[PDB]
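First, one chain by itself: the form solved without this ligand, in structure tokens.
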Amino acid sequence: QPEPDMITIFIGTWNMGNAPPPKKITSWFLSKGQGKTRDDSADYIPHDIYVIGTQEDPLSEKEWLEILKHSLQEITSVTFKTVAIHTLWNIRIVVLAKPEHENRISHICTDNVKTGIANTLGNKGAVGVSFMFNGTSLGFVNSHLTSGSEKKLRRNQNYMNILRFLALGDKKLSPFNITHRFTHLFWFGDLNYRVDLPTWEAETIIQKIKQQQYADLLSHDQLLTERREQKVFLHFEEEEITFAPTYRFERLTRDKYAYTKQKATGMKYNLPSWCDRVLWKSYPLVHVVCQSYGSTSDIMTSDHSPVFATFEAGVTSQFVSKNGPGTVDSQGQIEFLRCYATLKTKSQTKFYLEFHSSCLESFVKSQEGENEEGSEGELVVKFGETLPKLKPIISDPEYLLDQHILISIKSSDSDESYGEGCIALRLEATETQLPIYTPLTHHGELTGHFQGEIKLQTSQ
């Protein structure tokens, strides 16, 4: 029974519009309909993991699990195992996996974040699941963000609150939020970003959709434009959108968008929009390939159409040698040369680095760097040659070149992280000085950069 080095992951997001689903939802899990769809020749091939995010979900967990399991069994003839299910209000995440993966999956976490204060705390937020799959950490977030075309800033704030406060993954990675804790992080949901065009243009927009001419609509998609201006989802990826806007439809057909202001909308227009989205962020130089991203055409109980995305995702095996785990492999070492952190902070305080990685017995604290001034006023923390030599638990290059080092730059005075980043050890060469780089973020906001050289020694 060989351990996989690749799995496929299905991500689904559906705002169910508080209505039970139709009797057949198989098209969703088959990635059929509009956009980048899955080849018919793959229909009987199960994905390894199915992650289902719903919003405005009127079903009990039991009712929805029974529908999902019966759907996958009908498609695949496989009885999928429940990894995790978590519900906040009407926001739900279900993770199903093939039974052969039961003993590959461990460290299952669930959490939720409620967004907003008083007025705004009551129905929006996120649920999430993480686990290990052999040597690979996987995180999944289903968020239902603030509605309304005029509230893109609120959505960006909701995103900020969710990535700060969602407690998934390894709690020993204390300086790191969910945007750094996982080999692969998938964030999906009713993100509620809208096509930001004048109200009077609604019929023009509908025309554009009927012509499958999305270019002029996507150029006004608030998620794409906010991402381009680095207001949200910094360092996340999204597949190109080639399907019609998934909101807001008249129920029981897909032929009609319902966009006009009504008492029930709070006298707001709902111009056709790509509310329903899947984004991801993987550690550098890990295999992740989007193999589908689209919407179904035949599921019409909601004012949203379901969205699907599928991924190839690189995974690693749970490595055991004669040495690690439980002792350093003295054959291996990670060295750092000419290392500098450039920070955006206006503060003048001493900094040190922490190195965190599952290839180390425990995190490593550096000595303090020496602060200098960049040309354009900036704080530059010099580490030069002073960073420690890291001693990985296993020196085998088949393990070590697949690993990553998380870096936090911490204030000596407060121990608060000013910036988090990640370095891949998937180098072009070993025993060779090679450039390294990571941006540094805090609360998912760009706070600086870390650059230098690495020199990696493996058993080879």
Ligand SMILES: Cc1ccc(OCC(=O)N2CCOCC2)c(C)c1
Given for the second form:
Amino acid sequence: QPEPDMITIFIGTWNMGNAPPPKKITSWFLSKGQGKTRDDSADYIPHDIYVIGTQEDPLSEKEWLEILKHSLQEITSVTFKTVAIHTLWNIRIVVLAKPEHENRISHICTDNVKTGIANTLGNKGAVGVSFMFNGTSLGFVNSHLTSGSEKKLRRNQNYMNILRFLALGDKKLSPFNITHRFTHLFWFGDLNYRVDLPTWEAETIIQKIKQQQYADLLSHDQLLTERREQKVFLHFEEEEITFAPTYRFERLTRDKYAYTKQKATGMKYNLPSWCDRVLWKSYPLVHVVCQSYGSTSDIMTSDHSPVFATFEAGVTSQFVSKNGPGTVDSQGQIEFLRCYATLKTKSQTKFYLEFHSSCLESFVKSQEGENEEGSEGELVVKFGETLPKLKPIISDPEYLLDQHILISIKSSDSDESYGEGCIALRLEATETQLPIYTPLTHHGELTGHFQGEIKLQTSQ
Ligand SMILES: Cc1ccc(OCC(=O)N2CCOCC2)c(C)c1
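What's the form solved in complex with this ligand like, now that we've got the form solved without this ligand?
Now the full complex is given, and it begins with the chain already shown.
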């Protein structure tokens, strides 16, 4: 029975509003309602992996798992296996997979981050899960960020705290945060970004939603505007939104948006907003295609509607050769030519690189580069032709061309990373000098660039 080169992944996010779910929630897992929806002809075809993020979840883990498994079994006639479940306060993540995937899944990690300080510590934060699916690493983050229309900068801070401190994936990738540790990273939840229009425009916004005219609302969505200004979720993707705002509804109908200030809201307005979102980041040139992104219309126990997103995701097999794993394959080599880093830093330490990849036996530390002054007042660190030749464990091009090299540029004085990035080995040619490029980030913000040429030797 062959190993897959593609799987499908369901991502769900639902802020349950502290209420139990209705008896039927199958529309969520079928990607039916508003937006980009799944074709009826696929209804019986199970996804490989289902990842369910809840916020304001009032259920026990047992209660919710029973509902989820019975829902999927009704749809698919498949009894899913529980990969992971992790809850922080009322924020929860569940990972279910087809039973045929049980021996494909390993290295399961869970973690949480609590955001805020004092007043603001005690109900917001994130839960996450990571694991290996054959040769592919998968990470999943469910975050419930700070609420309120005037707190977008707090949400951005919550995002940075979560990606700095959530401890998922391979701990040997010590310079790298979760935005570089996975082949595919999915980040979803009640991100709580609002449509930034005046309170006086509430009824106008409602009108627009009734007309399915979302363009003038999406142009004020705080998450889209913050992402365009590179304030949050740098280098993440989001499918186009074609569904109505998923917050704030009167419960037990979807006919009414409840936006007016009440004692129960702390006398805050809740204009209709896309609070409930799914974003992703995959390594360069890895197949990832969003096949649905929408909201349900028929689950009305909460003041939020559930959101679904589904993806085709490229995966690779657990490769064995006669040589690696357990030795190098001398028919393989990775050379970096004429490389230089450009850094936004004011510092004047010397810098060195670290190369990390599961195609290496262990990470590789370069010599220090040569600092020069850039024309427009930046630091250029030149490595020339000084970089160590990397010795992959397997030379077969069917393996090596699917791999990636993570790069960290570190201070010689402090050994701290000033920037992290990723280079694909999915090249147009082997035995050929070819341009490479990655942006560099640290704590998920832009700190520079790395560019140069690569020359990849495979056994072919
Ligand atoms: C499909 C699959 C499911 C679980 C699993 O390992 C983890 C496990 O067995 N757990 C017990 C129940 O709670 C979560 C942890 C693996 C390797 C594959």
